[PDB]
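Next up: just one chain, as structure tokens, the form solved in complex with the DNA.
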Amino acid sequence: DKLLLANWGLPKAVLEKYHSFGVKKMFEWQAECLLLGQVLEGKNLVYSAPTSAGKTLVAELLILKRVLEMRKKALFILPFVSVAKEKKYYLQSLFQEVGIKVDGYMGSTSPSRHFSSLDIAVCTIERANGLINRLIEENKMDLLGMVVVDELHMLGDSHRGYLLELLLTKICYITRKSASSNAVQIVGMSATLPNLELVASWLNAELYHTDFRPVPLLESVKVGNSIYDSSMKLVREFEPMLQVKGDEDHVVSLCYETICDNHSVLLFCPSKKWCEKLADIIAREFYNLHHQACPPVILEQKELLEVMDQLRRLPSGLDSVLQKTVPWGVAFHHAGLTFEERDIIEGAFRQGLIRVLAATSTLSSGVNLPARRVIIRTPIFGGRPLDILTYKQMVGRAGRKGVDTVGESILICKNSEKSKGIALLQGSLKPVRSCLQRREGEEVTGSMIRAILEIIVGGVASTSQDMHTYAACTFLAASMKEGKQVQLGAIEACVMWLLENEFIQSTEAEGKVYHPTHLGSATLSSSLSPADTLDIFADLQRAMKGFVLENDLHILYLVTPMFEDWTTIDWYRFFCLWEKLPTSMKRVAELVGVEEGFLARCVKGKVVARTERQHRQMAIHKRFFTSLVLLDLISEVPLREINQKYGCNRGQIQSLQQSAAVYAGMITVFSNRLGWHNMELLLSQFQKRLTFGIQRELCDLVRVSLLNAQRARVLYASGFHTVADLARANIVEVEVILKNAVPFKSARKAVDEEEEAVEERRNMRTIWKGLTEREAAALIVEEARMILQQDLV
């Protein structure tokens, strides 16, 4: 009964919470992983097990042990905000009865407390690195007592997760420089990489690996009728029941085959367009079955009506394809949907009301959504062969906790190029290699630059000897010394780059000693990338030369998120959208460096930049086009009009809203630390406006009149009007309120002013077909009184 969790010294509350939330006994692999000789003595640990096992239970027990016994702050680092929230509630629900002050840093969420009062901080990678920089800047690094790290195999990505090398390297360096019984214990989960012994020995960790699964997975590939296992054993020839030309690979039959068993099918797709198309086809066959009408389909239509009606509450309305599919238990789930459509369709699949769910990779990662069967539609995604890590992560969802006894998965392929499928079933992950590693013919990399930047700006390792001592702690150094048995000259080409771009200063004494500029501290405090800072700071300088206070577009530009290919841009539509801009906004285009000749060149084709002019002219226009969308969001333009106007979609929009609201807070901290306090107040005073939710005190008014919420607010800020009060107000009183609600804009033409600049000031005061307040104050009374005449009935 060594596996019975009650023996392990858990507090009874947590034991019963595990009895509530989970299972009473650990798996045997978990009992081994906790009992590597020094792990319970505080040795660092790296381990790997399938995600269907109780992967985090080992870490959670190690978290609780250290925080009960050593009573020091712990940091839990997770790859995504959604996982960070899900795990925060789990950890709170598990530990709160013990009083462990769990909170976390993720998205816009913050503890609303100073860190030194928490016990567990749950973080995304971005905010875990940011917090450690501030612990180093505050020199409070002594507070941190543990770090826990999921998906430690992310070290090899240029986009994200290299921060996880820098983060652990900073911890190791400060510890090693102090040490040369652990100050910080590191626990890492790494999904069974090869050369995982290298990651373990780099961290001085114990290593545990198992392939144990609560349920087995039959990975297989389909070509033609033939079904092969991982060994290429032909196990079945498939029958294309419900044979139709509607799918030449008979995807419907593999789904229907499992629908006939009353089990749930998960179906990964190359694209949102293909995913949307494929869910329509499947639903039409369940329509075709039921309207022509072997096992029948069970539809549970009483619940599908509740789900499909609940989706009607959402501001954008129910998707015109979900209207076709959801009545049959067919849905699609991808990041082209809004954030709530995702949450509702996830919950409806977790309970099995939806039984077929077509999806992109958004169900591979970020949400744990297990299924009984996983179908993967092609080995090629876009123009490229599927990442074998994505393949493993997709098929890893085929297991369930006893809801079936096995998992199954099917790669679908054609008979040509079949080996490019089998290469996934027989392959394995590439060895992980740190992004710090230069190519022999190449300049230093942006992650090495940022690694070197952070230490200096925090005042750690200001000497080049200390920079070489830091670099010896990297996973690159551990990887190099293993593989070889040049980095000393890669530091120099970074420090020069940090000098030539003014992030650091050199001071004499024998040698040189380096310090942050304000452009250093600003880059670090905003936790921007240096490569992005040279675009943001170049935009900020050109505003100091002439900031248009007349309107929001110029300051939206400065706070507009930096994205690469946030959409495809139709440069001809952008050219038209710029050409028709109002005068006081076309003046913003000229001042930010948008140019007729560049848009025309981008209409006439496409450009790949070859000069520092061309490399930033793109970065100007791409940022400006993104601001034109943000301008329409704060102007409350309907999203259905934005999508048609810009080619955007309602998922891209909602992520833009969430990103802009954070950029305004970074670039306030950026300008605050460049000392540009006249720009900080303009940005901080605008951070208060760059938000998009309904002010609930107004809600019962905007519920009815569909007026712009500022009109509702002034009709609330004056006289506290409900709709039943607006029906009583005098049309002349409302006209005076509507006239004196706005910030002033004179109607006259000034001397030496173009009338095309005056017309905008008089137009901005109009309320709609050109309703002046004289007229609008009547129509608003007519609307209010005619509605009230139909609401008290």
Second form
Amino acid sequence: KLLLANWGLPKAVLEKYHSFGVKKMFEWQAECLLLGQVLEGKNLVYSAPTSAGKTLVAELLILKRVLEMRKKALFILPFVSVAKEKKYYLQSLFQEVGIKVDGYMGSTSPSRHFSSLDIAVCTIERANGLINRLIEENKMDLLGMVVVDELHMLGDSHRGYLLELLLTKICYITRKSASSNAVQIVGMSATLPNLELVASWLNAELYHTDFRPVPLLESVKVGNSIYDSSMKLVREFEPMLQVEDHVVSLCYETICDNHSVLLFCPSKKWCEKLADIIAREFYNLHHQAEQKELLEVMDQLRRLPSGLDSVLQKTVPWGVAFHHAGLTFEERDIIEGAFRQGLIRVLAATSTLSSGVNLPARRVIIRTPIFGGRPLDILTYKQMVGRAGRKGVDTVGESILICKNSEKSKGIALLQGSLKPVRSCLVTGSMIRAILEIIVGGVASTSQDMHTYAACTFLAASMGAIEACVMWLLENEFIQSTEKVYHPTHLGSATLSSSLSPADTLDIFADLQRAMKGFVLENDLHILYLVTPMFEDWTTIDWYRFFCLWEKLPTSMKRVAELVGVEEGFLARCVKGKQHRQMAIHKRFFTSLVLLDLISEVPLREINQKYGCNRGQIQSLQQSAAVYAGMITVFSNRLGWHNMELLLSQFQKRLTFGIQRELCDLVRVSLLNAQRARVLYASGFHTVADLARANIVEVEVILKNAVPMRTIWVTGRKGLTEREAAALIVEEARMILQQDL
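Moving on from the form solved in complex with the DNA, please list the structure of the form deposited without the DNA.
Excluded here are partners and other molecules; the one chain stands alone.
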């Protein structure tokens, strides 16, 4: 029974599963999938280590649900990058079966309707919106199963509470319809201490396991000695070659064993220093002073829109590199992609890689127990050390945390500690949106029926302020009260449909209605100023630069500032020598200035040295501001503002790819991000129409030129050959036009 072909599976899916190297099913997976009555409708929650094969159980369950009862199945993932990876994996597994898979990851939206789709690999922030849309116009029959990844995120997190509200809405809808099951909620988590309470929250059966494909031997350093988890020496450390910490040696010993190493570092600047240091040691310690495939990685990074990083130039062709937030989104994918093939053997990464894609390694080394002035989180530590040990190759997995002097006490607590139990995070902004997500949906109107929903939440299931949320919504016109029955309003129907927090919608409605009387149209700044999300922590603002920004702006760009409350008298002037709502406007104004150059196709290299924020912190905004333009536009339609939806209709597409209005039709094909379309635009193909009929060999020469074998990089496809990439552009264009009419 522990064999995949024995289980009922499609032939093509099984063959592709062999192609991915998965053909042996562990005992824990079979036991979880044989937990009695789970399969035929009841929801399920299980825990396993990060490398135990958590995905396979969910994939088998969603396959069984899909081919048994035809119904749309969700797939919730916490991060956009992992969501894209999961969608591509599911497509590569499900091409033939006819299960059309596509995802809703922030800026991007499917061309085909959700009814045509069958599996929606969606992020939490947009899965909430999709389920709100489904619940709105009574389309619940299509949904048949919601799959959630990393259930433990529903605690203290910026987006796990959205997952909590989504799951409680689904549970309440299921309970109210019964006054074996319509929608099955299957989730995966780490070693959650209170998973029984979570399992009872959805009344799901629980199966917790600690099976690991390879043993994990966590260890700590003391001078020239290594101590195991339980304060026990396991191996007497000795240095091989170095020119107390000796962090370069631990990489070296694994290097001579023909394996790889992950070297997590606290800060990006530390990552650049550490990657450079290890590269220099590879000169003297290996030369006393695959290569061919490693040069291909260099070639792929050479004609990236940002070019090749200066620090990466002196490090990459040695198996030593670095990968953190400040790097480009395309640069990160290549560097991570090189690790999957083993081309790069050392990665000096930050804490961002902890929650990233599945990146295996033989050894994991963590430089400091303090990350950004605070002790490193246990949840992050478990995710970091969960990457030690490659399945089927490495016989063991080692994690080495470096602690010094008095800091060793904090380090030891991490090894013997356990991840904290989940919380509720529920007046509060989470409950206000929770209440508004139902009444405007019309599912529950009466207070008593609404109070039933309050008993279906996570806070109630763990074992006042619920009615206070209504009183806040009533005072702000969001919901009107009649004989008490609560009805949605024009503003309320817009907050829910656009998927905005009610705290923000109040200001946006006042901010957008401040554009009722005064507007400009020469420059996109004022229109862009209405789609900048916030200042948050996207970058550090340099005011002396803003002094240069303010004067050199044309006579129009300064006019926009006066129209939005920005004062010329105090603009980078009084800050040098030394109001919360006013400070959040000048910083918001600066955020709009950067986005203006982003849609003007100013290259990221220039925009970095000009606005001081590197490409990592800039794509962290344009892919976050593109979603904002996709919610302000929806906010206007539900409020009956057809004038500005027309203006803001194309600004989500212009911010996602950083293009102008000319390439809007051209960037529809997925193989032209921001440079493969302009160089193709200059060749005379101004629309996706004639590009489909364009000559196959003609587009080869145009893509060859304009350089700032598989050197062309494609989103989600790693690197691609120049001939293959250009051949797929016309092939994809033919399908795009054919399926759109």
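Numbering follows the first chain given and starts at 1. Definition used throughout: the rigid core is the maximal C-alpha set that superposes within 1.5 Å between two forms.
Check your understanding: Which of the listed residues (94, 154, 131, 424) moves its Cα by 2 Å or more between these two forms when the core is kept in place?
Key -> Spelled out, the residue whose C-alpha shifts by 2 Å or more is 94.
Check your understanding: Core-aligned, is the CA shift for residue 212 between these two forms 2 angstroms or more?
Key -> Shift of 2 Å or more: no.
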